[PDB]
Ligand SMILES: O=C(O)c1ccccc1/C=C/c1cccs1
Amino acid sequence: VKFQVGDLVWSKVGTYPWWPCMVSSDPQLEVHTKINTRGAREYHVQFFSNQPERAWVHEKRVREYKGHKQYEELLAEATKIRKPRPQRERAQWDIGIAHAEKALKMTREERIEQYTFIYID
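Could you put down the structure of only this chain, in the form solved in complex with the named molecule?
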């Protein structure tokens, strides 16, 4: 268990680029971490994204969020060629990054209070 509730992380899911997140407890499972059906560790995260999104993410697809400029180092893990991404996706990623930068300046307690999602039945 490398991450705790309120920790800022980058998550790599589906076809999306490394995305700013906050580790949180799953509302149903009441844990922020678990071992999956394949025996691998996963963390529950909330994305700093337009549609309120949460996901169980494989530990290998999660990295500590040290700052927005860390993005180049994440790409370097795969390693002049650059991959494009839609402008609309970049715009939503920039808003999420802006939220993550504000969250990074807070204490873990402040961040949990400010950003944890409200779940409705």
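Positions refer to the first chain, counted from 1. Residues that one form lacks are left out of the comparison. Note that the rigid core is defined as the largest set of C-alphas that superpose within 1.5 Å between two forms. What changes on going to the form solved without the named molecule:
- Once both forms are overlaid on their core, the sole residue range between the two forms with Cα shifts reaching 2 Å in three or more consecutive positions is 49-51.
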Contents of the next structure:
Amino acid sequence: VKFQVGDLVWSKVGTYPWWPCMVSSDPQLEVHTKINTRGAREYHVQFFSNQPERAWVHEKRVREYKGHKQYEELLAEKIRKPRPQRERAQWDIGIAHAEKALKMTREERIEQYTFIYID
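If the structure you just shared is the form solved in complex with the named molecule, then what does the corresponding form solved without the named molecule look like?
Partners and other molecules have been left off, which leaves just the chain.
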């Protein structure tokens, strides 16, 4: 286990670009990490954005978030894909939250950002 609740990370999921997140406990499993049905470790994350979104993400697609400028180093992991405006706008909002979260303590981030789940 490389990440704990409140850690800031980048997550790469499906068709989405590397996205700023906060590791969090799954609202049902009450764990932030697990071994999946293929035998691989995953982490539970909240994506930073205007709309609350969460996912279980494979450990190979989770990276420590040190700052927004790391994005260039992640793409590298010339021909470049364009940045679709609608997604770019949502990603910019997410990054603004992650940049504010970076200035907080782990306890502050947990208090400030942990989602509330309603049945």
